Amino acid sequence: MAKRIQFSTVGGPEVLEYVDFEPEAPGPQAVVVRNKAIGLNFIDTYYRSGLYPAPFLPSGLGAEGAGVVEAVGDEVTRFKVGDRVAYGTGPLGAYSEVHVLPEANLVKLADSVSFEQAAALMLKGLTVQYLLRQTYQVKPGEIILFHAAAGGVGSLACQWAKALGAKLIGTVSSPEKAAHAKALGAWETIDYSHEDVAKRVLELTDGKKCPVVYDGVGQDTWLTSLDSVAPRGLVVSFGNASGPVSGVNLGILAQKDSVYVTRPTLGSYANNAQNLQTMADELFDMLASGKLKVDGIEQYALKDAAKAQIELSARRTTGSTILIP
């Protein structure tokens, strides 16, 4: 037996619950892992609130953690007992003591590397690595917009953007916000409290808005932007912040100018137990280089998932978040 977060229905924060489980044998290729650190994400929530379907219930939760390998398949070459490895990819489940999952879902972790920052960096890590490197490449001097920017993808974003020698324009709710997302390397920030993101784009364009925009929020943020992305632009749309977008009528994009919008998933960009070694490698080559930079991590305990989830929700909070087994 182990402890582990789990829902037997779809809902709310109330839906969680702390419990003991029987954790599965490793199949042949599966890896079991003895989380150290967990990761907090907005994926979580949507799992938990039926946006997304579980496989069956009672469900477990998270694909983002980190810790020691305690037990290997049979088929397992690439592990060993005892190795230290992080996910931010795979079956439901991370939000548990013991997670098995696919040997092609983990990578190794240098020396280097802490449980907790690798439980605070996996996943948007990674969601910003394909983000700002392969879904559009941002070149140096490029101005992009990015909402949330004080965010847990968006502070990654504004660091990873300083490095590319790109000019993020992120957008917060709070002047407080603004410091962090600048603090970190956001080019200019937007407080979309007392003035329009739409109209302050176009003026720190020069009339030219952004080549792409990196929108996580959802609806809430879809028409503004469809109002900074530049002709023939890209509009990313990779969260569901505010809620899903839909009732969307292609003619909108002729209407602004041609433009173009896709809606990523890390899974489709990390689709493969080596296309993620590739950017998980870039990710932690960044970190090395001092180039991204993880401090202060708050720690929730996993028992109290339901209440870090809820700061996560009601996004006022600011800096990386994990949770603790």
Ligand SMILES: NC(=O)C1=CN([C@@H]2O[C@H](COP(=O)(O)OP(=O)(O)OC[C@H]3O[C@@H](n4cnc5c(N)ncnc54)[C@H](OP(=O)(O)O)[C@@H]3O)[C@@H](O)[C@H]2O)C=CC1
The other form holds:
Number of protein chains: 2
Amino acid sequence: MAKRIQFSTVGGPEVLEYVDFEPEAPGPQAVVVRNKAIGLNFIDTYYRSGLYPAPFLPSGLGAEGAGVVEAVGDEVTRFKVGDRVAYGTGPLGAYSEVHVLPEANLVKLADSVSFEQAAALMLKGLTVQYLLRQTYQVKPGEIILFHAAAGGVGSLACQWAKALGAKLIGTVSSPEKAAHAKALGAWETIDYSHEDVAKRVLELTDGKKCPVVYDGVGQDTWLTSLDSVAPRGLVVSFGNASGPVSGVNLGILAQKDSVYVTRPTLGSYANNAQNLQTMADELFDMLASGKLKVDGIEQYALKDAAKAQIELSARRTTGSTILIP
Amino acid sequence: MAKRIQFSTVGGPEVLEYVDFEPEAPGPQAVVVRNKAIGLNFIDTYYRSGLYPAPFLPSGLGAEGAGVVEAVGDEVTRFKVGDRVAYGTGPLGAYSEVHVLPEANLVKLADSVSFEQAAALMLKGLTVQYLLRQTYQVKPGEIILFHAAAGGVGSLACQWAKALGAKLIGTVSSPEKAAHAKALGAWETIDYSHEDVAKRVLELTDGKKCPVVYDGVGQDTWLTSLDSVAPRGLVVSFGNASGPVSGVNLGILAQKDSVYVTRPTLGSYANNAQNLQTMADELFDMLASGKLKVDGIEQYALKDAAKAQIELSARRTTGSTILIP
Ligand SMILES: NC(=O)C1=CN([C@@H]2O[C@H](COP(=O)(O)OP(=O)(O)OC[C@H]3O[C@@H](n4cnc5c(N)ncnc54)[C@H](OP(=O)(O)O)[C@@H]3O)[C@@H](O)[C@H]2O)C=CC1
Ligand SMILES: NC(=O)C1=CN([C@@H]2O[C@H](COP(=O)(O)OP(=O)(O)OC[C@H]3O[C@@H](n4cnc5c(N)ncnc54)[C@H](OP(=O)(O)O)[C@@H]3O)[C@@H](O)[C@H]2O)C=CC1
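Mind pulling up the form solved in complex with the named molecule next to the form deposited without the named molecule we just looked at?
To see the whole picture, the full complex is given below, headed by that same chain.
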């Protein structure tokens, strides 16, 4: 028996229950991980709310974590008991003392990386990697727009953008979050709790606007992003914090001067035990070289996962926050 | 006084009237063209139907044509009376004996190109140019999907794709249109009057699907295009023959494996008297080199523009068709 956070029905935070459950016996290519640190991600709230249906109820939650390998399937050779690993993709269940998942979703941690750093970087870091390196290969000097610049993904994006020589214009909801973003490497900040983002962008870019706009909040900033992208530019809708963007008429893309739009998912970029490896190597290489940093991690006891999600959804957090089993 | 085709109200073909009107005096940078050949384009039916509002009623129609310069604005130096020109962008009014437009929308014709070739190539040719060279730089060997392969744009696309060494899979509504497309350079054809396009595409591409899908029919093929694009591939929605594609939830882009979508417009790519020049030079260079050809042009008297539009909308045409003033 082991403890985990699960829900028997979709809904608000009250739906989460900290209870005993019986971990499954690893498949031939599965790995049993004894979690030491668990990630907190906005998508966790969507599975719990039902925005994204689970395969069955009661359901586990979470897809990011780091810990020690406890058991290995008979066909697994990459990992052995005792190995220190991390993951940011795979089946639900990270919110547990013991998580079982395909070896394809795991990446061995270098002795130099702690479990807290991994649980705070993995998923969000892999996302920034594909957003800035694959979805749209940001080049030095480019002026890009990135919403929620002080959030989990946003904070890493500020740092990565700076590392690339790009000039990231990060939108935030308060002068406090603005200072946070700026300190992490944001070129310019815009407080969209009252400022006109599109206007500010037009002036900051000398009327040329941004070749690419990264939007993880969705609904509330869709028009803003459409008005901030340069002609034939790209609007990357990778999040739905404020809600999903729907009911769009492709005709608006033409109206905004023939722009492009994509709705990427980590699963599509890290769709191999291996495209994951290459991506993870770059992420951890950034950390090891000192271009990315975490130090400054809020910690909640796995049993208090509900409290942690409430703060996240309430927009009362900055950077990464982890759960300790 | 001169004759033109105009409409005092939006609606069906019956709305078109062949009447006398008084051409305006060219502005300082405007050019008066004595049309010898006028293009027929699907968008013409949309302005007439009201899908795209005119600035005022009664309104002229058409944006493609070729003829002799009759008058020049005082500030115009690129053109002089007698010059043989062509245009595929600009204000409404091509459906006339005399059309007045900014010099920025004109391109001098080489003595070797007749007015019929220009009126049949200009707009559609410039579109294929930006679709295959700018929207998505098709490379030799790539397998691409292109709907309505026997249409005006489609027919040129079959030829251009072949010239590029690409393998175009063209969808058509009949074995007759299929033969037409094939003869023009289409690699493979699919009769979507009954065949499963997505299925055929999956088998023709060995399960890899198409890096890019060009869709000028819209509504009726949106899902088909989404199911025919490769992961992280691009779906180019440049037309609405079957109707516009609306009410889409960006979430479907993720569902189809993180794809991209754009809704380009000729105006956005040929947005300069000059980006037009470079594009036109390539188009006419293809014609001059024998890679693109027209010969096989249906002709309607400008006064019978309604009959011409009825056939176009009825899907009873192949290649280009022009109106003679
Ligand atoms: N596509 C993919 O592969 C992935 C997508 N994501 C998505 O990326 C985004 C960022 O996730 P993560 O780093 O975990 O989260 P964050 O830590 O960034 O938290 C969300 C932040 O978004 C902003 N926000 C704007 N409007 C709202 C709103 N109405 N309610 C709540 N928050 C709002 C807030 O910042 P402020 O107060 O400054 O506005 C808030 O702090 C999410 O939308 C997430 O679902 C995450 C991982 C992968
Ligand atoms: N974005 C841009 O810059 C431009 C866009 N366009 C658009 O490109 C497309 C092609 O235009 P053009 O070459 O003039 O036209 P076409 O000559 O290709 O005529 C339209 C063709 O589309 C297909 N089609 C499919 N469904 C329908 C339907 N329900 N009703 C009528 N036709 C249908 C038909 O071929 P089949 O019978 O084989 O299915 C038909 O022949 C149009 O949608 C047009 O508006 C044109 C120029 C520029």
